[PDB]
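One chain follows as structure tokens, the form deposited in one PDB entry.
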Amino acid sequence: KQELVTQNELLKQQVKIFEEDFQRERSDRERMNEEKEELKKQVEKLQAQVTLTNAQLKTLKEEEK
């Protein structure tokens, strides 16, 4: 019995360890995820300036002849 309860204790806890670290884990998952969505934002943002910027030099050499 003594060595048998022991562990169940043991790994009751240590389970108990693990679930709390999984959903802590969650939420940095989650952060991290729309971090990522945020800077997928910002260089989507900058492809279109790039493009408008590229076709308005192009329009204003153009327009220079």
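Between two forms, the rigid core is the largest collection of C-alphas that superpose within 1.5 Å. Residue numbers count along the first chain shown, from 1. First, how it differs from the form deposited in another entry.
- If you fit the rigid core between these two forms, you'll see the Cα of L10 move by 2 angstroms or more.
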Contents of the next structure:
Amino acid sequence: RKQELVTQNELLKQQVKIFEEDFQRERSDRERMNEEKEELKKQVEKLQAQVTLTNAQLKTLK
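Moving from the form deposited in one PDB entry, what structure would you give for the form deposited in another entry?
All you get below is the one chain by itself.
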């Protein structure tokens, strides 16, 4: 059990690499989703300013 332990080693080094790759891809996905959510917040403001802009335009009818 030593060429075994070596052959198992070499492949086990290869796995740690893969799971790093996939962890960092998952990270970059969440960060992308985070900025996606951050710009839907932007839209909410865009569409809130518009309404009270419209609401202040029509309210002045006294």
